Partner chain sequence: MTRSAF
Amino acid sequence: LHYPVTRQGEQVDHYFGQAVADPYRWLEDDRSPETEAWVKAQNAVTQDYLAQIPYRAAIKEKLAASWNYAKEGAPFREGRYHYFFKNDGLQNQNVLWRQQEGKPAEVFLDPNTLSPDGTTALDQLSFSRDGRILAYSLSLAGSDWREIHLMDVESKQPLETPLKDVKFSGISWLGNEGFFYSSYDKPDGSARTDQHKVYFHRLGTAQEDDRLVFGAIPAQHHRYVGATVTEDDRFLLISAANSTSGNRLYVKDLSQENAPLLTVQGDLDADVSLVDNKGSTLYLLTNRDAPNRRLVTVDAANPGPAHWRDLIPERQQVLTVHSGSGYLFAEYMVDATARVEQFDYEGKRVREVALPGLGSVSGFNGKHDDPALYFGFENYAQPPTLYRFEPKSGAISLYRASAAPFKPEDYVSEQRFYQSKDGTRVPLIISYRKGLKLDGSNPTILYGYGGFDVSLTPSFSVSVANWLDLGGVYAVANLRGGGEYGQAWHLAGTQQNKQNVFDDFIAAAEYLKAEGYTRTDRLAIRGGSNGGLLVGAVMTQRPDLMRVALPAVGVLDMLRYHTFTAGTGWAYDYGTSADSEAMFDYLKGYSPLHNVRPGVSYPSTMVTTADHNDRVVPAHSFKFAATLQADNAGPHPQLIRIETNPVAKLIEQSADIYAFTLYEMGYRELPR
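Atomic structure of the above chain by itself (the form solved without its partner chain):
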């Protein structure tokens, strides 16, 4: 193995009197001729090394053969038809299908044929109350602008000319008269502003005559406004905001002539949104005086915050509310997995929905008179599945099995909890092919993130599935720093407590060995971005803990990350070398780049990154890889794979990592 030559410069940096050498400073410029040449050479070496792997092409083919597959969404009633989305598995955009009691399903709206390239995409979709008219917004390329088209459902032809200059808008019908939408500019003609306004479009009229509903007078100026009409057409709810944090909310009783807007919340101190109404009672989801949120009710005739009353009190877990079939469904995240509770509109707990196991859910959204509801379920061992739920009995039946070439019963996903160094308990979800033997010899990949209040919830991955099909184990740890247990869990993994994140990950690794799942020479750690940091730190503190290290797009230079493009936004979680001498010593103490040491024997490593990236600059990966090649004294290869310029590329990347990981664990033949 012959690593390219990496020039060492004389750049020296100073932090509170302390000097730190940065020999690869020049590699921070990913667009200099010298760096691109370095990239080119590193890739040649990496590829040459991977071409030495016998089963690489086999793993690739297997992945490509299982990567794409058909999908289907839950069906919804609109007028005299049931609608549902479908996807060939190849089609860029989902197609909307329609079905009528008698005949068989038929294609209704295919967004793919609206763009020669398949760019023009479907955004919002809203049917009129009777289901006879369809309003839908389409977005071109990566634009924010929209047009709202009106289609006659029965004929499938354009009802009227489409509405233009629509942006950050919903579409909410008022019976069969027309609908509310948002826009920054008068339907007439004028010069731009950042004053978002709500307009009502009455069918059979020109857009230029749409009436102003909210947002024009100075007292109503806001950057973002939304409008929603309740299912029973009784109330109009208008939200107004200037940012993603907090919003004002107003209500208008449409059952009364020229009713004025009443204020549900007149300040931006908190988030409040409409769930539904029952009679004159409003059901609102809000985080006002409740970080984990609560569901409250208040009469529409006097809706101010002082009159709100808890229907579903704030709990230790963050609440999400869905409504359907005359029921309210409280969704939570417990130990990173879903839990759903059913309630009636009077706050009486009906039952705890019995989900198909531990995982992630979607659905439980429907109309008042839907006889049944649908929900999606999935996790590391089970591909997205559609289930039917009987509101009254609570009976759950399989509606649509996944078309993914992976039979769920052949896989196991068990939940475990271990203890960190200080004694903290941490969740760990291990998945694998059924029939595993706890002999501690299974090629294992341990994944983690740990930070930015990001919570790692289970989700199906074709790549992971293929890993399991190779006899491998996939373990995901919910390290501190994430958002699996509120704020206290997040802070325990930030600033001068970041080391807690690494310890937790370290503890997870030892657990997998102790419990006989794998062993050092059969273990690999993986992570991306803040996750790459995780891998980089752990591999520099405990290079004896694993056999393989797979850091992707990681933040590795902890002393200069903040000076790079987009690095500013991660200061809250990490702190900076400039903050104070104390912060500097901590950052320098674990910074991957600065903790690689000459003479040490590091695990087999494959650093991955794109050649250019604004979120996490390649500089981190380039300098880290260069340092590992120069310092490592063992037999393990320190490689970096740089993606240049797509499912093809994704498939190729997964193959290289798995092929490499297995090849580095000694396998000279696929496991088994």
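Positions refer to the first chain, counted from 1. Whichever C-alpha set is largest while still superposing within 1.5 Å between the two forms counts as the rigid core. What changes on going to the form solved in complex with its partner chain:
Of the residues listed here (579, 231, 453, 160), only one shifts its CA by 2 angstroms or more between these two forms after fitting on the rigid core, and it is 160. Annotation: Cα of residue 114 displaced by at least 2 Å between these two forms, core superposition. Core-aligned CA deviation for residue 435 between these two forms: less than 2 Å. Remark: with the core as the superposition reference, the CA shift of residue 76 between these two forms stays below 2 Å.
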Contents of the next structure:
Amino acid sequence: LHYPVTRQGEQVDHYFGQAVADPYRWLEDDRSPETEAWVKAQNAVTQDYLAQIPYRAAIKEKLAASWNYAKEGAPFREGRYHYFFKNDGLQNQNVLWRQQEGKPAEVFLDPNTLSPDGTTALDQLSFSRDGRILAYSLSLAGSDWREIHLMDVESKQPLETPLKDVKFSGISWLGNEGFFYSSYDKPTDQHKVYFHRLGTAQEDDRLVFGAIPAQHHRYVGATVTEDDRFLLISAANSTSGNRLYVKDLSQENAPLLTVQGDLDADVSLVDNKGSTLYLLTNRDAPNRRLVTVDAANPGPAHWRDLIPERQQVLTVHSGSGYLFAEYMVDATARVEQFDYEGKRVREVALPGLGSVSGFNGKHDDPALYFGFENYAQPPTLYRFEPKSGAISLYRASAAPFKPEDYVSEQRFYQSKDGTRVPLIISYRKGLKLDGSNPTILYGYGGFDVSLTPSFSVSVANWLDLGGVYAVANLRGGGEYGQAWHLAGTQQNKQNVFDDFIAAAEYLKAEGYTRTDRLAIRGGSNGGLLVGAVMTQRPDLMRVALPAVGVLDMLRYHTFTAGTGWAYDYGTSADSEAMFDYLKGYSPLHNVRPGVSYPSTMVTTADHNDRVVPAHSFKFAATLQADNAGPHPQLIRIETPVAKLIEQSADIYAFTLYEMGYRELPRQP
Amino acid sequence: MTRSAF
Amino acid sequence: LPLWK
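Moving from the form solved without its partner chain to the form solved in complex with its partner chain:
Every chain and every other molecule in the complex is listed next, the one we just looked at coming first.
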């Protein structure tokens, strides 16, 4: 294996009187002739190395064959039909089907064919209270503009001419009379709420909110409660904070009452019961709380906590006369069922530890549906009986992976300083803890980002090859509260790396794998994680896979988009202490001559605004110049799902090959 | 206020 | 406050 020559320049930088050489400074220009030629030469060496891997084509074949599969959503009743979305696996847009009990299912609305070349997309969908009329918004191209169409659902023909010039709008019906929507014009950065009455022309739509000076806002929204009693109007100027107003529709010409008159917090309607409003908000509660207040005097001073804020971020769903609080605890789903009076009915017995969605329904739905998935289980739909709490399988995934063939377990290990850290491990059933299993340990560790379980075909293929997939919930993440995040920032960043090293040691100590059967992986802040751990403990793993990483911690902030990461990392310009700390772990600056590094495959696109290739380019150049051991230090520069399949195949093939496998660990 | 606005 | 997020 002969690496392309990478010339070293003479650039030398200085920080607080300290000199730091940057011989690959020229690689920071990803569009210069010399860099683009380097990229081409590196890719040639990498492709040549990968070409010798015997089973690379077989891995790619299985990935491609299992990548696409049919999907179906939960059914919902509107009028005399149950509607549900489906996707055959290749369709660009989901297709809406419907079925009347006692009859066969039929296609109801196929967005793909709304325009030859399928450039017309289905956005909002909203049926009248009786389900006889459907109002839905469509978008053309990558346009923010919308048209609201009105269809008679039985004949499937247009009821009226579509509403035009709609933008950033919801569609909320008031019974079967008409619906509220938002628009900037009549019917200029002044968003307004309008009411369209069925049987009338758009030009006659009543202006509801937003015209007088005190109501001028860039974004407004309107929602009518399911019982048609209240109109809630939200108004905002940006993504942070919104005012909220309520109007009692059961009263003749009721004025708007102020639920929240400032933009200091987010607050939104969950539902009402009688004159009681149920609101989800982050006002004085960053993790959110569910509150109630009487609609006749709805100001924040009167809000009463129904579900007080907790350490975990709250998501609320309502259905069948119950409220459901969803949280991710130790990074996995927990759902609690409450009645509208605040009594906790039960903790819902979810199918296992994973991620969920759903529990959304109408007041009178006899059952609710929820989706569940994790590293070893494809998205599956379950039916939930609200009264009994009974759960049953509604639709198994069409993905070519049977959940019963896999195992997912959560363990907790201790980091160097005693901190207990969560670790989710997945594999094919029948695995033995004899320390021989090829394992990929994945982590991120930063920016309050939580690593929660999610199914991916690529990971599932790894498990079928006989691999173990482990994900550590390191400090710096969002799995707990602010202290957990902060414990992995600025001058505490080392904790993240120590947490990851401890996960690798735990996997070995527990018999899942061993040093020559272990690979570590991560992207972006996760790439930094890999770069840092492989430079501090190059002997801990056999393979290192840093993707799109931030690897030059001394100059990351001077690059495009780097300024936004300053809160988590700090910059070499902050102070001598911050500079010394950053230089202490910066991967680029900690690669050393004579050291034997693990087999490495650095990955990145040839051009990137978020995380510039410069990081990966300079890091790969330095590994190639400094590594003295037998392992290859390669870089794969990306120049559709086709590319994703090729990327995953190269990584798994490279990983197994570097571990010495002549054949797959297990025949999939 | 969001978690982000620490 | 404290271990809160």
